[PDB]
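We begin with a single chain expressed as structure tokens, specifically the form deposited in one PDB entry.
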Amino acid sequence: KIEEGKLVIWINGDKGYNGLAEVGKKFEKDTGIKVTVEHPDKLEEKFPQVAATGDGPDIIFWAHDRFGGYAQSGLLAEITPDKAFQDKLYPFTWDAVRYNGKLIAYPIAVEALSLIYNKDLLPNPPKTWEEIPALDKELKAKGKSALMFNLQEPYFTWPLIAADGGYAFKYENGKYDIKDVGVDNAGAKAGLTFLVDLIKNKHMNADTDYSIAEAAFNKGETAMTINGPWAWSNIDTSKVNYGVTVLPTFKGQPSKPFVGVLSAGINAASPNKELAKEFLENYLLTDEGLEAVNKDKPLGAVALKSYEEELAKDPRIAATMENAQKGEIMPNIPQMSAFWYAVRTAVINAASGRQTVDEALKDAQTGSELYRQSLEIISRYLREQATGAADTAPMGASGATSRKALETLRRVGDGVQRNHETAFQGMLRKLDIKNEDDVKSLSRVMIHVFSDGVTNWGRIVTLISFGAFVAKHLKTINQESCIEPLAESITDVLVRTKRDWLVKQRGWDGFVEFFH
């Protein structure tokens, strides 16, 4: 479906897309291949939908956090640069784009938020978040405000939520404990409560978004903002005497921004993969290519060592790296999209007063844990049904919920398979499942049948029960390796299509209560 002999690129509208188009024109001059750069709204949400049907751009740019989910869905081509090329970029940038041992994108630049301040209003920035209410009172008396930043995207509030101990997925001993989510701990509550109190005390407004905060800072109305390197170009045009510095501390601890590596992935459905690799390696990831993008909107600390050696001399880049070192590189696990949606809703609801901080972060914790919790129950049920023996591994975090949900699923799911054996057997025979490809075909039908019907626990149990019925068949035909992917497929469609309803039921605790 993607046209051969051209390149279509998607990049966010806050990045240097006109500079990127200049690199595309240089590519066309040599090869005669036209390069079209687009910046659609919500491109990070559109890409997984359109690429799943074989459509979409040839190349997608986004921070690396979204790319593990795309790679898990088979939407990205593996990238295999030679050693000479790999050595030109910092190794930690390649680490950001590695998923299941394979490189799935080219790293471009390292982005971290910093505190940006107007030196003409505030010659010295505040070192702590705690002093911002008094600074706002002093500035309000002269017709100014202390701080405005985007409150609609959780990326900007995360540094404050993480400062006193909030975390997305625990990281210790060089590994993630994906079962350990920290969005509703005391640290996360303290940071979000601080933000909500700034709004309650009229130091900030819940409706402030990217455009509003940018306009206020660039017009000299607010003394400070929180933003990344891409914002510096518009501040330069405004002529505000600005500085870029370390984010304020909270409870004496540094603010911890989630660090993104802007990366370029190649669509697995592209018939232009070799053209895309040539464009990215030999035109974009060069001093001249990155300089073209950087001159339109600054990239941050670029992954290309030769160019970064020059950019690192800029005090704004040193401040960006200082904030990056105090924060953490984002995970790229497929559940990052769910974590971001959950925290986005939590911040918006707490800031507006729709939910208290406790209610908001409890829902965010449920939403963030949903995939792993659902897979634990569904995988265990399918495998024990297929083999006749249960998994001996400990349940882990939220073990009581997992154990009680599995006990409930055994009672209700066994009843579904018993009573509906006729239709289940008839469907299993019509599907003629013999291998991995037949399981993938079953999964596509399963998605639309499940999604279009009514949302209730009885239909959710039927979906999972049919999965167990298929798992028994897979065991019989020596295709036991197909059971875990089937469990992942069932988990995917459940948590993706029914996300809001599942969170509203308190997840699997609601299921246990419903069938008590």
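Take the two forms, find the largest set of C-alpha atoms that superpose within 1.5 Å, and that set is the rigid core. Positions refer to the first chain, counted from 1. What changes on going to the form deposited in another entry:
- Assignment of C-alpha atoms to the better-fitting superposition places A52 and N294 within a single rigid part for the change between these two forms.
- Hinge angle between these two forms, smaller rigid part versus larger, from C-alpha superposition: 23 degrees.
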The other form holds:
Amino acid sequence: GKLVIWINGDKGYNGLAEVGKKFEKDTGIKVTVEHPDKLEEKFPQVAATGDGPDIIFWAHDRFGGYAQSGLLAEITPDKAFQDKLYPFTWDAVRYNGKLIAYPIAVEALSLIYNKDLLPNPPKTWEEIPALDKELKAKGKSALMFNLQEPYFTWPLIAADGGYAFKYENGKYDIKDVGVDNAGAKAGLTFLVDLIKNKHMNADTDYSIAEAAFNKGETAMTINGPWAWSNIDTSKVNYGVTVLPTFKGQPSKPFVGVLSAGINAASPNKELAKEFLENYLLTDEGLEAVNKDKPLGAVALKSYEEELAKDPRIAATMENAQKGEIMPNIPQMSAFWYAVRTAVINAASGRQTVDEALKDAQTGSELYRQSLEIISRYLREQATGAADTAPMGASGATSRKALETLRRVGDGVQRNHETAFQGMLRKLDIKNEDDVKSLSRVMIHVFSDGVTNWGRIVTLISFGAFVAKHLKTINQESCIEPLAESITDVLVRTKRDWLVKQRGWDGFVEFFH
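Next up, can you give the form deposited in another entry of this protein, since the form deposited in one PDB entry came first?
Partners and other molecules have been left off, which leaves just the chain.
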């Protein structure tokens, strides 16, 4: 047995390695803390084939997409163990009724300022530009933060009223997507104004900013608790405080809760359980990681009660209280691409903020209408009857793509019925992981091949043959998770092709 733990390079990995070394001394078992590049991207590729780490570490927002793929194993955390962590932290790691990952710590962006340069932090975002005038006079910069990640810019975009998905009575509504509304256009406009008014360069990354503030070159930065240790080490006189206001209202950061999930493919499930509950999630386990790089408002009540007495944590918690817990819906991986692209094209000057935000909002519309078209076809091909409920935006286009899918998709199923049958029988998809396995196989078979409407219809028709065969054994709960993945490989990995082919209109045009 062994334990391979993947965790982001910005988190305390040497501290976690000390926790695994402490576990190593009591079990023999080697714990290996690797911190790979583009972790949120690499984990899904490897763990789909069943080649990942035993324990994965990321903010909860990506775990809901991992669970739909079946890249995660369900955790069995005893009734007594759950009472040791905060109820809201367990809620962040709950997907479709099931706890999929372990809550570690609540993370939220706070404003970090140098007390020597600024005796006080500015109450508003609108007073940061004129501060730069008086700070440049002394050879300095007023504010520098990561402009590459939309996580760092979201609190300004969300302050006046921008949002990912609205929380309609215990659920997210993918029809109500506010990345285009006036509050987002106003927030992002102020950021673009700072680059137009030379107050900020539209190329500052995590390292540029961490160097600048910690060297004493910039007056304030934006960051999470993980960055505290490097400021502490730089000996800079700093204060962590509430984020400034935009247009009178607070900056609402997206609030992530660092989670610890176990690969479903992994053969060290019970080993990861003892490691996570009995070793890591204890005051001494979290104090070891926290000593390397601060976690934030930790899930563990025992250690959080102590940690609460730190005004840096109180600022973090007040900022978390003024922001929102990020959704864990599968669309989130795709949502972030759309939004990173928008923040990067607005700052880079490649686009107007109305355009950059539109192509981003449009990206969610392609995801919604696509999940609607695909799932409708697939569900009606198992029941044998149409759904009569409305579809919203681009309704007549989605209506025609369905009557186009029924004609062309049933032609593919008919003309290739002999072949589809052999493929479905040569797989023995009996249980849910076997079905989710297929989801990934067709996802990568289509992708590692040419992108055209022919192959799209083929991939969807096979999905409808599968939806018919799922129904046969009553475990037809995988139809929508299958329909949402075919949407993902399409609007996520082939976004540009679909947009170049005039969306679903080009498909209805294609076959006539």
